[PDB]
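Peer 1: Here is what each chain is made of, one letter per residue.
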Amino acid sequence: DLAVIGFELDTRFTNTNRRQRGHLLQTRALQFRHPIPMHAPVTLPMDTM
Amino acid sequence: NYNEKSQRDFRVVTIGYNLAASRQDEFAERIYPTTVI
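Heads up: the protein sequence lines correspond to chains a and b, in order. Just so you know, the deposited numbering puts 472 at position 23 of the first sequence, and the rest follows in order with no gaps. Just so you know, the deposited numbering puts 177 at position 14 of the second sequence, and the rest follows in order with no gaps.
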């Protein structure tokens, strides 16, 4: 029974028309907020006079 | 408001994202040199 019985082709469409979209590609943005704290003081006392 | 310390009017800095990559990477280019057809 030595014979070729079937085949498969590595065929693709030429997308002159937008038949397929493929993968999507979109823009995103993230926000990070960093408020600045105030720290405890250090003091140098002086005589007012 | 005895203490008026900035809470919302922060500096906004935009991080860049656009890139102009060079066709296939230098790794692929050294292996598969590009010929313009």
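These are computed hints drawn from the structure, not numbers from a lab. All C-beta atoms, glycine included, are put in the ideal place defined by N, C-alpha and C. It is possible that some hints are incorrect.
[To be verified] Chain a is nowhere near these chain b residues, computed Cβ spacing over 12 Å in every case:
id	residue
1	166
2	169
3	173
4	175
5	177
6	180
7	183
8	188
9	189
10	190
11	191
12	192
13	193
14	194
15	196
[As the list claims (entries may be wrong)] Here are the in silico distance ranges between beta carbons for each label pair:
id	chain 1	residue 1	chain 2	residue 2	range
16	a	470	b	164	30 to 38 Å
17	b	165	a	470	53 to 61 Å
18	a	492	b	185	53 to 61 Å
19	b	195	a	456	14 to 22 Å
20	a	485	b	178	15 to 23 Å
21	a	471	b	166	50 to 58 Å
22	a	455	b	189	20 to 28 Å
23	b	186	a	472	15 to 23 Å
24	b	192	a	464	33 to 41 Å
25	a	497	b	167	46 to 54 Å
26	b	186	a	454	53 to 61 Å
27	a	486	b	187	35 to 43 Å
Peer 1: For each hint, tell me whether it holds in the structure or not.
Peer 2: So, going through the hints one by one against the coordinates:
1. 166: With a cut-off of 12 Å, residue 166 of chain b comes too close to chain a, as the shortest Cβ separation is near 10 Å.
2. 169: The claim is violated: residue 169 of chain b sits with its nearest Cβ about 8 Å from chain a, within 12 Å.
3. 173: Since the minimum Cβ distance to chain a is about 7 Å, residue 173 of chain b lies within 12 Å and the statement is violated.
4. 175: Since the minimum Cβ distance to chain a is about 9 Å, residue 175 of chain b lies within 12 Å and the statement is violated.
5. 177: violated (9 Å)
6. 180: Incorrect as stated: the minimum Cβ-Cβ distance to chain a is 8 Å, not above 12 Å.
7. 183: holds (16 Å)
8. 188: Since the minimum Cβ distance to chain a is about 19 Å, residue 188 of chain b lies beyond 12 Å and the statement holds.
9. 189: holds (24 Å)
10. 190: Non-interface label stands for residue 190 of chain b: nearest chain a Cβ at 23 Å, farther than 12 Å.
11. 191: holds (20 Å)
12. 192: holds (24 Å)
13. 193: Residue 193 of chain b clear of chain a: closest Cβ-Cβ about 27 Å, beyond 12 Å.
14. 194: The claim stands: residue 194 of chain b keeps its Cβ more than 12 Å from every Cβ of chain a (closest is about 23 Å).
15. 196: holds (25 Å)
16. a:470 / b:164: 30 to 38 Å: For residue 470 of chain a and residue 164 of chain b the Cβ distance comes to about 54 Å; the hint is violated.
17. b:165 / a:470: 53 to 61 Å: Holds: the Cβ-Cβ distance is about 59 Å, inside 53 to 61 Å.
18. a:492 / b:185: 53 to 61 Å: Taking Cβ atoms as reference, residue 492 of chain a and residue 185 of chain b lie about 59 Å apart, which means the hint holds.
19. b:195 / a:456: 14 to 22 Å: violated (29 Å)
20. a:485 / b:178: 15 to 23 Å: Because 19 Å falls inside the window, the suggested range holds.
21. a:471 / b:166: 50 to 58 Å: Holds, at about 56 Å.
22. a:455 / b:189: 20 to 28 Å: Between residue 455 of chain a and residue 189 of chain b, where Cβ atoms are some 43 Å apart, the hint is violated.
23. b:186 / a:472: 15 to 23 Å: Given a distance of about 19 Å, which is inside 15 to 23 Å, the answer is holds.
24. b:192 / a:464: 33 to 41 Å: Distance hint for residue 192 of chain b, residue 464 of chain a is violated at roughly 27 Å.
25. a:497 / b:167: 46 to 54 Å: Given about 29 Å between the Cβ atoms, the range is violated.
26. b:186 / a:454: 53 to 61 Å: violated (43 Å)
27. a:486 / b:187: 35 to 43 Å: At 48 Å between Cβs, range violated.
Checked against the numbered hints given earlier, this structure breaks hints 1, 2, 3, 4, 5, 6, 16, 19, 22, 24, 25, 26, 27; the rest are met.
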